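Encoded as structure tokens, the following chain is the form deposited in one PDB entry, with no partner shown.
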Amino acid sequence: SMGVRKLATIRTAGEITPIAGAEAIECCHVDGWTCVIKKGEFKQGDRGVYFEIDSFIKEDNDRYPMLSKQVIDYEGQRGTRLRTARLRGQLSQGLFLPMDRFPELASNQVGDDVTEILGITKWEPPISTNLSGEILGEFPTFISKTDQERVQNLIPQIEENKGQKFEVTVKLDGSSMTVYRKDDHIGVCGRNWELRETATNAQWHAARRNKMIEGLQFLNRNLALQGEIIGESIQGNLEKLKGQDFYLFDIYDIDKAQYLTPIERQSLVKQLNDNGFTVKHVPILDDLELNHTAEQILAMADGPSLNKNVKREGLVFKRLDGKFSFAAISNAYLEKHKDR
């Protein structure tokens, strides 16, 4: 499982509309996204390369001259983090570039993932030294990463899922953490690396605090507990917790290489807590029978977080059969918190 989003893909330009002023620019609809394009770059139906927000694009003035004055330093390389913006009142998300800048992609077709072919990587918010402390080894290849596809890329699948029921959960803005057991080994990982138990490491700290390692042996299955660590010194601690804590949002069955269903996951969470292992869960909302447009789902995303007077990052939707999940991120949140 490559639980990663497809950062750069070949897409088709949708409807194009103007924007007053020195309109060297216009509005381009790319499937569920709106992004601002330069005048005459595209006409509806043209193929282009769409880079999603959170893409990191390494500096290249021949390739991407339009990002040259947007660059920052990220993981030791000069490049541009694609971020939500508002351009003369027009919300703009992602970068859409015509095929003439990518002659090597000439044969590629709509839908193709060219993330790897173009050297694009995922920007992620900084973390302190307690959250990236002393990498032990690679992230286990037998465990899926935790990322969720965005609803803007799923408009056809949303309509095909009308009538299906989903677990709705609050998306917390922390650092993703995995605690797993595989047959005499129990490890703790950050986003992208397995971590070692430096008595200063925050992931290991949280795993020890809630006994979830002892919990994993009480379960005695090869499982990966995946969740968000939040609190002090993490994304400014807007939930206003004291200390740090782990909030579970998925359980991966390693031997079956699939996520447990919401009912199978809420099953184990009850058992863990019943036996002294106090594993918290991301807030769970009422189930939703899906009968909604993408715009309705995105309007649902804005709301209260773990702390009720803090605006949440968004919502995650998980079909009760476990084979379809997606995220709806609040655009108000993205506009406000553009450090993240």
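Residue numbers count along the first chain shown, from 1. Definition used throughout: the rigid core is the maximal C-alpha set that superposes within 1.5 Å between two forms. First, how it differs from the form deposited in another entry.
One rigid block turns against another between the two forms, and the hinge that joins them sits at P126, chosen from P126, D183, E232, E149. After fitting the larger rigid piece on its C-alpha atoms, the remaining smaller piece is found rotated by 9 degrees between the two forms.
Form deposited in one PDB entry done; form deposited in another entry now:
There are no partners or other molecules in what follows, just the one chain.
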């Protein structure tokens, strides 16, 4: 998905195959996903509404009776969190429903995002106190969010980018943080909002400890430093840090409205650190020239994290021109850490 967008989309049923023994269900490929459907629901080529994992579907027995015994109470409301599943060891991800359940979507084309009209939201794990700040204002409209699309949703784009080169980085499991300068203002943001400085806010504390506000003034440009804050009290602290710290993965050029290329970003990190502004960067793996299937890419996702004895959330791929990127999440990670 793209943040809170594209949780529910119109998609085309792919290859459908029988499931061993179970006479009432079958396996349906939907883009790079596989999920269990009931017999009678689809033939290959049919449209359906595909709800991606992490969708939260509020209880509705008329529309979603197949979820009635999967409901939890989440943020004060009964509904179902879609999660990675297995049936006799076979991977199933997401929910694929045929169009007869959605007569009001009959004019929607393949590719349409129907998240809002269906009221689908994204499930999120609990956030610790110091990662929720005093809201200064909106996330700046002149800075891109840090959302990354999943490789499973990019099958044609993977072929379109055959032969292109990518920076491969470890996907750290923390919270997205943006520190930016635009003319006479420097701000600190979390995932969704710009935050006021307080003595206990974790994003501001990380920005202050690494001097990245003075670093932005030194660079004297309109830039957004975007990174992951990880460590104690954040997302289970996979890396076993003491304390917290910021790990850069992108720099947004505000005036040009584009990301710096990986090489441009490496040079700015070097300039920052060489001048006393200690900014760390997410782990960088070998570059990849793309000549791969989604399946091969997903088989790259598991591996050592920043802490090499823990298994990483996955990988992010950023094309060397800065203009195309995606994430490959480790399915083993999704099945191991079921509470986030």
